[PDB]
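For reference, the chain that follows is the form solved without this ligand, supplied as structure tokens.
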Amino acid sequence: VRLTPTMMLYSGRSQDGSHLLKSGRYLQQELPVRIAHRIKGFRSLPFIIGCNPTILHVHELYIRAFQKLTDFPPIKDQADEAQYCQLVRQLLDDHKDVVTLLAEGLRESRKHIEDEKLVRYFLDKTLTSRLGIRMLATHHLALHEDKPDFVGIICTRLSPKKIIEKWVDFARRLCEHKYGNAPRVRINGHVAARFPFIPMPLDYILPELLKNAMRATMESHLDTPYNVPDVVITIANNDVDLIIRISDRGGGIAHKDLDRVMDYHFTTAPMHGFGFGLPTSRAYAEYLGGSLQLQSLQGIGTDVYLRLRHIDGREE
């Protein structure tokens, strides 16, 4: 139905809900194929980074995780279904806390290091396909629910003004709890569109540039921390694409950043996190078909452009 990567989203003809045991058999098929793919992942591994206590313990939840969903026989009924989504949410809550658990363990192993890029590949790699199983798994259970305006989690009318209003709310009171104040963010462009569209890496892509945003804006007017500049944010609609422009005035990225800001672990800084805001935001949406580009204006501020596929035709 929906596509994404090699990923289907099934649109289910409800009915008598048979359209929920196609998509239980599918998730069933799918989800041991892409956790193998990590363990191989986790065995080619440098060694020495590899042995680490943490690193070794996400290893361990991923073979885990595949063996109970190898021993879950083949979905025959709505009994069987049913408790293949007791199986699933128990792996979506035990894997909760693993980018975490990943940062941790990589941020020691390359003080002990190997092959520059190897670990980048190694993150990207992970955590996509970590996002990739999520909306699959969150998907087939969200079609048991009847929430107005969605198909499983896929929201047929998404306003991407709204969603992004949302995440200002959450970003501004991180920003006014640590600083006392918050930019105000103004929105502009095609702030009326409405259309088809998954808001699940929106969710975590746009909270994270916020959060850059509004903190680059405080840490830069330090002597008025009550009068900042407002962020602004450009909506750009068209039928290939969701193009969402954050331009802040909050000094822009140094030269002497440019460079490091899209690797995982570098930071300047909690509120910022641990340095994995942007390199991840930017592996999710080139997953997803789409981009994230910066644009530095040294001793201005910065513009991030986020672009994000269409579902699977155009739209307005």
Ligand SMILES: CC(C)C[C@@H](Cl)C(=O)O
The other form holds:
Protein chains: 2
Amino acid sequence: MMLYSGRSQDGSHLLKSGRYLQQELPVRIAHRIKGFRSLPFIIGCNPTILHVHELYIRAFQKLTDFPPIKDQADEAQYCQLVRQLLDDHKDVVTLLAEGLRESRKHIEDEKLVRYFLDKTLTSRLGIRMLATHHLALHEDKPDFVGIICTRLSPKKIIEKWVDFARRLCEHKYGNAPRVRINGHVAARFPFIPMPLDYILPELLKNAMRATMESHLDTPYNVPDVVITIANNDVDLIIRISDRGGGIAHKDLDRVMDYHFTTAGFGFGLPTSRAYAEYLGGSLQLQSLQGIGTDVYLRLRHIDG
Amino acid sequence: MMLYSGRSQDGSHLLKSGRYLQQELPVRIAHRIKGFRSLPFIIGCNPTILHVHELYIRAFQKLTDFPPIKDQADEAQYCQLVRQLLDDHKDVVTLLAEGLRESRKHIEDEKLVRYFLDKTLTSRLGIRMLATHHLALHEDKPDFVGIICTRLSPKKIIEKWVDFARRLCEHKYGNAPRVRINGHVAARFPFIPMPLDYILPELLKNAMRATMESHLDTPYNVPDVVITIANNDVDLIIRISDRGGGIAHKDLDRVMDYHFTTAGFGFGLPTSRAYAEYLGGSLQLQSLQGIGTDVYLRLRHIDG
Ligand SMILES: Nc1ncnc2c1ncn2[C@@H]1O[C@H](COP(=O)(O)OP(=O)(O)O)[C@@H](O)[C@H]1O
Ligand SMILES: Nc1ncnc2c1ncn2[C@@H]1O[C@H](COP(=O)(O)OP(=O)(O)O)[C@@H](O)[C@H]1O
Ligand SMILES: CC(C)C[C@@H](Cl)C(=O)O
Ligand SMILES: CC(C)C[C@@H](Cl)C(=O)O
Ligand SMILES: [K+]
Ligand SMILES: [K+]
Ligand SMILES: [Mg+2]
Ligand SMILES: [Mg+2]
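Please show me the structure of the same protein in the form solved in complex with this ligand, now that we have looked at it in the form solved without this ligand.
Now the complete complex, all chains and molecules, led by this one.
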């Protein structure tokens, strides 16, 4: 899938973008529907899975019922539909999580659900990126072409999610680790924030929770979480290192499983990894049992 | 292979150990000889490889020519032979490195040399551990049963090799990174130092070299190397983190190859990894291109 960076005054680029989207969305939704159709019967019969399956069918119906975009008037209305659908599907990850939680235990091939979720959630991420990019082309935000930031600062977006995770953590525990950021703190480059907006808060919540739950005697004095930024011509690496006691040997082969948690609902890690790999990067964990965990998020740079 | 921890005043345990060694060594040397016999012809014909092949045949001959140990007198003489052989074989890794350097380019299956070296060097490590353990049983060192230290301090043995690597580094560059050690600095537990004596200096030399070569403008002021110790009931983890600029993407899939170097002779990494895995652990690298590298040495704890 491609995110149009084209620009024009007659607004011709919006028409071209809209037409591309109109061509592309129905095909990709059709693929998601095929995924639901192939789910093991007993899982497909779960009422929450059925609800999500039906949402996708509705999306496909509405998208295919929309006439070919001929002019700006049409394109404007197509954007209304896209906005509606994005909103109607905003809770899909949570619905799948709930729908699958019990039902998946009823089949033996455990690879199956993992594959379905990886494929479904990453396709969905790409679909939402495409659609949101098109809508964003109508915005006049400085330093954005659609959802592409022309000068993203890793430090700034990390700090945004740090503040967010610290507030949640402070609410639950009365305090939160301080976060230090080092390495290429001054880096700025073209980049799409959206995947970071998903991934960063998941990894930060994990690191903070781990830190608090291993320092229950001294909640007022916990070890910092330390984030290192490395920017090179190939990828961006963000290392998130905590002293939260590590991931136990007995849990290590399970933490990347959808639904596994030692506590939200165990999607943070497998989802983040699937997203990173979908975009050409990776998510790798290094556990120092008894000390802490290093998490390495790598995302490939944009090809201008 | 098993390292006898048995003890006795009549010296009966030395006889039992000697007899075990006498049973075990010829079989293991025979396996190494079979490895040389199966090397690709053109490699096996290299005069340095032939020399090493012949050393192993000699070892096998001497070991099999030694009569069955009947008493302390015999056992004492068997130890002389073992000492001689250990000394005669002390440069084997270097000879294999040289012998293989050019010759390996003459075959296409590159997996072949890697497999031969992994198998040969790890078997050799185990053979030397067994033999050195037997000799050591005659020593009266406090806190040792043979080569097994009953209360090893990871911090102490790390500091030993830090001092060693810093001296080499200081000699070549006029300075050396300081090394900080954190985590479980007070840990003490039963452990066999020998593999650490190989591995630690290799990883420290790498980290220090990388650090100096990336700070050629400020040799008098370079970033510390930071070592973290994590001790748990399953394994010992030693993380060696540097700010030496990382391992480049173009080099990453090559650094674990025997002979690959960007400069000694490119054996440090593949050998250390083979040793760690041989003993039930691992050696893993995390490169932050543009910043530095984290190296994780994991070694499984001793089963008492
Ligand atoms: N930084 C960390 N330190 C220790 N444990 C962690 C860390 N990150 C993740 N984990 C473990 O992995 C499990 C799964 O994490 P995740 O998939 O994000 O789901 P959740 O946070 O909802 O449990 C967590 O329950 C926790 O046990
Ligand atoms: N900590 C490190 N930082 C940067 N590069 C490294 C590091 N460790 C190893 N390397 C790279 O890996 C290569 C192979 O290392 P090694 O197998 O120990 O052989 P050698 O040190 O003899 O080159 C080195 O030449 C170097 O390019
Ligand atoms: C555009 C829209 C159908 C989005 C879907 Cl892919 C979803 O978010 O689940
Ligand atoms: C005991 C002796 C033959 C050692 C050999 Cl395995 C070697 O160091 O190469
Ligand atoms: K999980
Ligand atoms: K190498
Ligand atoms: Mg989580
Ligand atoms: Mg080396």
